[PDB]
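Here are the chains, one letter per residue:
2 protein chains.
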Amino acid sequence: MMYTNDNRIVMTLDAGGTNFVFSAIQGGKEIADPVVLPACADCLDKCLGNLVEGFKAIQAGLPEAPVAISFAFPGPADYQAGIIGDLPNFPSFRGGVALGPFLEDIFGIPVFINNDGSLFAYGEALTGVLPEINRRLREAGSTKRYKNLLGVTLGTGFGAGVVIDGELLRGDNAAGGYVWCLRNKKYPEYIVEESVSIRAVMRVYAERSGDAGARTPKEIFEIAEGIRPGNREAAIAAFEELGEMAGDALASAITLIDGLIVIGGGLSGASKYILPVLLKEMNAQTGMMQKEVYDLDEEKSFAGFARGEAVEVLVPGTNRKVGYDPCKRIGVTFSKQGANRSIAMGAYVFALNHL
Amino acid sequence: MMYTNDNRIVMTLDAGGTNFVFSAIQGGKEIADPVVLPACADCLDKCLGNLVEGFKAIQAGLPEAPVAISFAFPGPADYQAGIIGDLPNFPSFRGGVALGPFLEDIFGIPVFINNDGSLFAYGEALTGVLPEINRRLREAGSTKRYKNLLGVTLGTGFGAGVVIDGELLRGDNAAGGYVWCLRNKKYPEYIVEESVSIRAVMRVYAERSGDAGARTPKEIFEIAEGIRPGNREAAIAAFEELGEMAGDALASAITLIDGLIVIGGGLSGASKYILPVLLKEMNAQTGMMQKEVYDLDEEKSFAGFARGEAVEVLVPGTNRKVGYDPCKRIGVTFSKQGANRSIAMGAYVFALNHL
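For the record, the sequence lines run as chains A and A'. A prime marks a further copy of an entry chain. What the first sequence shows, in the deposited numbering, is residues 1 to 289, 298 to 363, in sequence order. What the second sequence shows, in the deposited numbering, is residues 1 to 289, 298 to 363, in sequence order.
Just so you know, the hints here were simulated from the structure itself, not pulled from any lab data. Where a beta carbon is used, it is the ideal one built from N, C-alpha and C, also for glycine. Treat the hints with care, since some could be wrong.
Here are the simulated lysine-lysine pairs, DSSO-like style, with alpha carbons at most 30 Å apart [as the list claims (entries may be wrong)]: (1) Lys344/A / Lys185/A; (2) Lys147/A' / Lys329/A; (3) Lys218/A / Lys144/A; (4) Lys308/A' / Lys144/A'; (5) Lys147/A / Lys329/A; (6) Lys186/A / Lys280/A'; (7) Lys29/A' / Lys329/A'; (8) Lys218/A' / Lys186/A'; (9) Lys280/A / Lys272/A'; (10) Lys185/A' / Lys280/A; (11) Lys329/A' / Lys46/A; (12) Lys147/A / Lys280/A; (13) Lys308/A / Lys147/A; (14) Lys29/A' / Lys147/A'; (15) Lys185/A / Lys185/A'; (16) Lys147/A / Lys147/A'; (17) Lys185/A' / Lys280/A'; (18) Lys344/A / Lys147/A; (19) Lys218/A' / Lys144/A'; (20) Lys186/A' / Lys185/A; (21) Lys56/A / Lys46/A; (22) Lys186/A / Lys186/A'; (23) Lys329/A' / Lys272/A'; (24) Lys344/A' / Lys280/A'; (25) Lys46/A' / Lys56/A; (26) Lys186/A / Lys185/A'; (27) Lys185/A / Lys144/A'; (28) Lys147/A' / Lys280/A'; (29) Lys144/A / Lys46/A; (30) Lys308/A / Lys272/A; (31) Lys308/A' / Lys218/A'; (32) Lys218/A / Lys344/A; (33) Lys344/A' / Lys329/A.
A partial selection of chain A residues facing chain A', derived with a Cβ cut-off under 10 Å [stated by the list, open to error]: (34) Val36; (35) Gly100; (36) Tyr146; (37) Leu256; (38) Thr326.
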């Protein structure tokens, strides 16, 4: 319930794909009748002009005046500078478009642009799971608190973002926290996204079964779940196989970050089949070593996560005691809020913290 | 030349191995006749008592009084809390020793304990290469400045530390920035340290040649370099082979950090044979992708690193221009200062920044 009673309004935008959807956020709520305009990608001045119209449209129907505007944008881009690079799906963008400063001029207030993965992790760090986990620890009587979060979206791609005690890990090339291009475990010549995405689910089921028909991951989930007819053993492998690679990637990524992992996105509907194999892999890899990964979504598992091996040690010579837990542990949890909510909140809160 | 004229004194300690060597640092200089006492590891109270004696010894022969004391310590440990875990080479340490607070009581001033890898990266970030690189960029007329550093020591092990714009990446289990336990490329069932260490150099040369005699990496370097007699082709492979794995690890590690890499340690004497294959691997992996790794130690290479594809873009509608460089690039450099100096400085500067 963070920021639930805040009066400050941030205008936002969803450039997910095909067109622009402009909105506004006050408190945690969406308080603007959305405005849909097309993104005339072929004419820089045309869509750049729609953006102005889109935001002007919203602004005109607000109670108070807006304090800023932030949104996620396709990229690659120099996000901090707010200037976007050569996007494939936007031909009028080759060269470098100073989108951030442009809007900042036409509206005066500051604008913040970031990529999906970043806003998702940020959202979960300050609004989603990270706070829930930390209180649930204190509530469980543990002295341990986690400040580092690696959020990853399983969907069209294998996006991700990294937050270090509130500070979004941007990277020196605006490319911090990438996990999609790590080396693939079962396909050394390719990247992990090739086995961790909607493609991989669809592709594997097609291979494991003899069905060459177009199936959606939901349909595949239904086949594995026993509702829809098909090759159940194959429908499962489709998700297990993804878990295995995701796990391998997450394992080596989290080794550097050393924090909790949040997973979300479209494919998160198949927690049931992904998480087990994923966790099995993470614990096989950090087992070579002194580090356990717990299923933060099951009670029994979270219980051992909370307490670990906590004790008190006496300060030699003194009568004082100090807290200590030699048990190094990590965890994985799926977003309860949903990637869409966390991303929007991420944009909202990021705005408010960086005014 | 950072802190060269600072009057503030920090007492330090080298618990490298076998015994304790106490010293003190003022400005950048070592201003204390070192004091060597044994580490009576078998008796907690005995060596814990030597530490007190060791520091008391130094303190008594200083001009002004000391402002703090920091040093690196073996671990695993809760470094931030200053309490050390069950060390293998210290039997009187099983349970959890609140070493930090102990000294903090007997001396009043604050004490900071960290692991080698961390202090090394910190040292290089504020004292070593990172500042040299950034000025050399400005001097070259580039607008780009790097704030994220991944420092790794090639030696007895494959240690490492990560600094994000001045903030040491500690991790939630005091295990941030580990790269030693990543998966090994050519030996999937083992960790990378197994192929990146003094062992791997010695081991490979023994395998590639038929020489079962004990050779030191220096001797092996001399064989590859043509001075010492032996199997030159094998002596090279010994170092190339290490470069390959180090590169693979560095590649996937730096993908999350997105900053410059500093290498140091004992084996750094063989830059000549390691760096080329190492860089070749990093550019093969981030090539699957939009990201180049440059040899920051060669002039021609650094030149292209500095300029990249820098331009100015006009803010649409305005008469103003904004800087932009779509060229995402990274680099690798060997420590000019030496791991020993950077580590000591890291301890010194870390102390002064966290008073």
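Going through the hints against the structure:
Proximity of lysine 344/A to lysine 185/A is assessed by CA-CA distance (about 29 Å); at most 30 Å being required, the pair is judged to hold. With a CA separation close to 39 Å, the supplied pair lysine 147/A' and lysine 329/A exceeds the 30 Å bound. The hinted pair formed by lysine 218/A and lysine 144/A fails the criterion: a straight-line CA distance of about 38 Å is larger than 30 Å. With a C-alpha separation of about 18 Å, the suggested pair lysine 308/A' and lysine 144/A' falls inside the 30 Å cut-off, and the hint holds.
Restraint check for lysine 147/A and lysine 329/A: the C-alpha separation of about 24 Å stays at or below 30 Å, so the hint holds. For the hint pairing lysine 186/A with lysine 280/A', the CA-to-CA distance comes to about 22 Å; that is within 30 Å, so the pair holds. Of the supplied pair hints, the one linking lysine 29/A' and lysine 329/A' is violated, its CA atoms being roughly 46 Å apart against a limit of 30 Å. Distance restraint check for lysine 218/A' and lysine 186/A': the Cα-Cα separation of roughly 25 Å lies within the 30 Å cut-off, and the hinted pair is therefore satisfied.
Only pairs whose Cα atoms come within 30 Å are accepted, and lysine 280/A paired with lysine 272/A' is rejected, the gap being roughly 41 Å. Restraint check: the Cα-Cα separation between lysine 185/A' and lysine 280/A comes to about 20 Å, which is no more than 30 Å; the hinted pair holds. With a C-alpha separation of about 21 Å, the suggested pair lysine 329/A' and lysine 46/A falls inside the 30 Å cut-off, and the hint holds. A distance of roughly 24 Å separates the Cα atoms of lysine 147/A and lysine 280/A; the hinted pair therefore holds under the 30 Å criterion.
A hinted pair counts as satisfied when its Cα atoms are at most 30 Å apart, and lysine 308/A with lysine 147/A qualifies at roughly 23 Å. With a C-alpha separation of about 26 Å, the suggested pair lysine 29/A' and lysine 147/A' falls inside the 30 Å cut-off, and the hint holds. Proximity of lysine 185/A to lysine 185/A' is assessed by CA-CA distance (about 10 Å); at most 30 Å being required, the pair is judged to hold. Of the supplied pair hints, the one linking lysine 147/A and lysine 147/A' holds, its CA atoms being roughly 21 Å apart against a limit of 30 Å.
Under the criterion of a C-alpha separation no larger than 30 Å, the hint pairing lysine 185/A' with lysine 280/A' is consistent with the structure, at around 15 Å. Pair hint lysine 344/A plus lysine 147/A holds up; C-alpha atoms about 19 Å apart against a cutoff of 30 Å. Distance hint between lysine 218/A' and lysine 144/A' is unfulfilled; the C-alpha atoms sit about 38 Å from each other, more than 30 Å. As the CA atoms of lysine 186/A' and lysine 185/A are separated by approximately 12 Å, the hinted pair is consistent with the 30 Å bound.
Distance check on the hinted pair: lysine 56/A and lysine 46/A sit about 15 Å apart at the alpha-carbon level, within 30 Å; holds. Note on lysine 186/A and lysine 186/A': the hinted pairing holds, with a Cα-Cα distance of about 14 Å set against a maximum of 30 Å. Proximity of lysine 329/A' to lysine 272/A' is assessed by CA-CA distance (about 43 Å); at most 30 Å being required, the pair is judged violated. For the hint linking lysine 344/A' to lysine 280/A', the alpha-carbon distance of about 22 Å falls within 30 Å, and the restraint holds.
Proximity of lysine 46/A' to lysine 56/A is assessed by CA-CA distance (about 74 Å); at most 30 Å being required, the pair is judged violated. For the suggested pair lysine 186/A and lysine 185/A', the alpha carbons sit about 12 Å apart, so the restraint of at most 30 Å is met. Between the alpha carbons of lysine 185/A and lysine 144/A' the distance comes to roughly 34 Å, so the proposed pair goes past 30 Å and is violated. As the CA atoms of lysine 147/A' and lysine 280/A' are separated by approximately 24 Å, the hinted pair is consistent with the 30 Å bound.
Only pairs whose Cα atoms come within 30 Å are accepted, and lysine 144/A paired with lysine 46/A is rejected, the gap being roughly 53 Å. A threshold of 30 Å between alpha carbons decides the hint, and for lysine 308/A with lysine 272/A the separation of about 17 Å falls inside it, so the pair holds. Proximity of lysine 308/A' to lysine 218/A' is assessed by CA-CA distance (about 29 Å); at most 30 Å being required, the pair is judged to hold. Between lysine 218/A and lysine 344/A the CA atoms are separated by roughly 19 Å; this keeps the pair inside 30 Å, and the hint holds.
Restraint check: the Cα-Cα separation between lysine 344/A' and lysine 329/A comes to about 44 Å, which exceeds 30 Å; the hinted pair is violated. Taking 10 Å as the C-beta cut-off, the interface hint given for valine 36/A is violated, the closest approach to chain A' being about 23 Å. Residue-level restraint check for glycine 100/A holds (minimum Cβ-Cβ distance to chain A' is 9 Å; threshold 10 Å). For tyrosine 146/A, the interface hint holds, the least distance from its beta-carbon to any beta-carbon of chain A' being 5 Å, beneath 10 Å.
The interface hint given for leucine 256/A is met, as the beta carbon of that residue sits about 5 Å from the closest beta carbon of chain A', less than 10 Å. Because the smallest distance between the Cβ of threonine 326/A and any Cβ of chain A' comes to about 6 Å, under 10 Å, the interface hint for this residue holds.
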